[PDB]
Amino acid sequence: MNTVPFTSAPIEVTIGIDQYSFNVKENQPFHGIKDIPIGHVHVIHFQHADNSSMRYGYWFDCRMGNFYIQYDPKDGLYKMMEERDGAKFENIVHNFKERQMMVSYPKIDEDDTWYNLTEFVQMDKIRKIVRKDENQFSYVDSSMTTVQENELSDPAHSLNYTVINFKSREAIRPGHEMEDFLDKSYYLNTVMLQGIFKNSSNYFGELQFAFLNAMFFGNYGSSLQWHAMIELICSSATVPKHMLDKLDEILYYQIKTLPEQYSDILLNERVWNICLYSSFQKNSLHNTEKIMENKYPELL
């Protein structure tokens, strides 16, 4: 169980760790988060009390290094940094734990929610979508645009999601226009799975990472990417049975975790109605169809 200590909390902030969150008061003696489960990626995220503009946060894996948070009064945000000195770090954490200045990652033993949301998400794939190779952790915020959003403006600050476009030469084989447009199996199986992602695990990792960025940061481009990757599978007549079964599980936990009050902004009516009721896979997503019908029947 690993620890992300904080130097201090000089500004009033709602702190998120994965699906949990805590309100911290201005100059409250908060010095971080302990008992963080090894073996998953994590996200530590922030929403200032005095300016709810710019939700922002850091994706990290405690296996890759020792990470702490320190407020920068110049750039006006909580920054993640790596401590390269192992013995200084252990010594800092031990001190704060002794004075019980840390909140405990509040994981219930029965509860697999985080595992279920991050099953295919790997730090190495996050660091290719979020390009800043000098850091082992990845910054994301509300306002960051995707490569695809930018095509339709600072390249260095982009989310490099895989571009998906149903009316592109990549999606449509010359001479198979109607077939490839109505049945996206070619585009899913040859171009995206065999070609770009190499396997369904990498495809699901990006889908899950797009969702979490949409949910935790209200990142609109991330939401577009999540919907596009769902729609590409649902609109394919030929999908390996293991992928359909896994997609149903993935979407079920995403819909289960989504705050009830964000379904109006985070769920696209057209995509979900098409995926559940009109598409090739309308009958392949039993768990997802039952939770959507019981939790968000107005959308459909």
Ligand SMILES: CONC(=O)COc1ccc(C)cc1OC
Given for the second form:
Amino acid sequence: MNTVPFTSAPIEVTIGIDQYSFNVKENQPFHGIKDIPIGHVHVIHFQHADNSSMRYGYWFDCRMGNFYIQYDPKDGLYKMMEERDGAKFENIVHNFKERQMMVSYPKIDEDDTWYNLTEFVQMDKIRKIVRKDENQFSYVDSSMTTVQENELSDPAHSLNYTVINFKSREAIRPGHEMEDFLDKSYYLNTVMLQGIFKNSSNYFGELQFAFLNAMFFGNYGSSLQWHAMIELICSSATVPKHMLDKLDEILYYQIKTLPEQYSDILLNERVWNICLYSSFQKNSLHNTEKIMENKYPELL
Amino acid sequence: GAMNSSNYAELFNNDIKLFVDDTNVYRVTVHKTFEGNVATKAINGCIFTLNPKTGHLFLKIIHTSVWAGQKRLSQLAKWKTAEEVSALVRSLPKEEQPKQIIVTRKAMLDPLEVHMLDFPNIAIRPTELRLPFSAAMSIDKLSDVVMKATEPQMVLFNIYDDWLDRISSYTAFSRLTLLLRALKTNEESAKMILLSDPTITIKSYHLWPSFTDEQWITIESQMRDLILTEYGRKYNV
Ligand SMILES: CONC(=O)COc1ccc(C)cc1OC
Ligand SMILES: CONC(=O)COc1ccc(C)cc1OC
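I would like to compare: after the form deposited without this ligand, may I see the structure of the form solved in complex with this ligand?
Then the entire complex follows, led off by the chain already shown.
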């Protein structure tokens, strides 16, 4: 188990850790989070009490270094930093633990939610989507735009997701216009899977990362990317059987996790109705269709 | 974006543009089979591609063999239309390629956009106008060339005959659409109007009779009366 200590909590803030949230009050004696499961990526994230504008946060993996949070009163935010002095860090953490100044990641032992939402997410891939190579952790926020959003503005602060555009020359072979636009298997299998992602695990990892950014930060470009990557699969007549089974599982846990109150803005009605009821794969997502129909029958 | 009554004069500016109408691309007769079921027999069709400024009509005849062994023909027809329009553009010298293509039905937008991805500066647009271009097969000489074709073929016409010698393209187009509207609403009456007077003939190199300005005014009035007439007969007014 690992720890993210906090120097202090000088401003009142909603703290998100993965799918969990809790409230810290202005100048409360809070010195961080402990018992963080080793083995997964994680995201710590914030929503200032006094300005719910700009949720922001950090993707990290505790195996990749010793990280802490420190409020920066000039920039006005909780910043992640790396402590390189290992013995300083262990000493700091041990004291905060002895004084019980840390809340504990309260993973239920029956609970595989976080694993199921991050199964294919790798820190190394996150770091290529979020370019800031002097840190081992990755900052994201509500307002960051995607490479594709900028084509349609600061390139350093962008989300470099893989560009998907069904009416592009990359997506459409000369001479197979109608075939490739109505059945996108070439684009999925040859262009994206074999060409860009190399395998379906990296593809699913981006899809999962896009949803999480979309739900945690209300990042609109992330929501577009998630829906695009779902639609590309559902609109392909030819998809490996194991990808469809995995995709059903991935979407099921994303919908299950999706808070009921957040669904009107995170769920695209056109894409879901198309995917579940009209597309080639309309019969191949049983778990996802069952949970969607029982939880969000309004959207359908 | 879309083309409507507000920006109607854009049709006649100096930016090259083409209307594409796909309504006569895929044509069928429906008949009973010996077993008492129903079946379709396709007949030849045409893409109707018109420069509204010049009157140049690029009539791409669609021979029934292009449907042989194909499924979902109504959807294929839209992709075949787009393919043929894209090939037409590619065949034209750069300075003759359109800057805009306006499709008369919205279902044509995605097929044509996809076929024209190589031409990102050609704007593909819908229109809110209800143009009567489906009536083009009521023009005898265009109907004759489609039905006689034994293979795919492109025929080039000027749908305004020599009108631009005497009127603007705005007026020529307004005449064309009023003629086609009438032919669409009551073909027999419209043809009767157009041919009643045997002293006015259609030149061999024309589609419409050789009316003087004054006779066109009469004709145009009689077509308006026909359209109004049929409107009454239809709605009981
Ligand atoms: C505002 O509460 N604190 C947040 O950061 C909430 O944002 C989330 C949205 C949805 C879920 C399931 C969890 C979340 O993170 C905890
Ligand atoms: C089940 O746990 N209850 C929750 O959902 C939210 O409570 C917390 C969750 C996670 C952490 C680190 C701290 C928490 O409160 C201090």
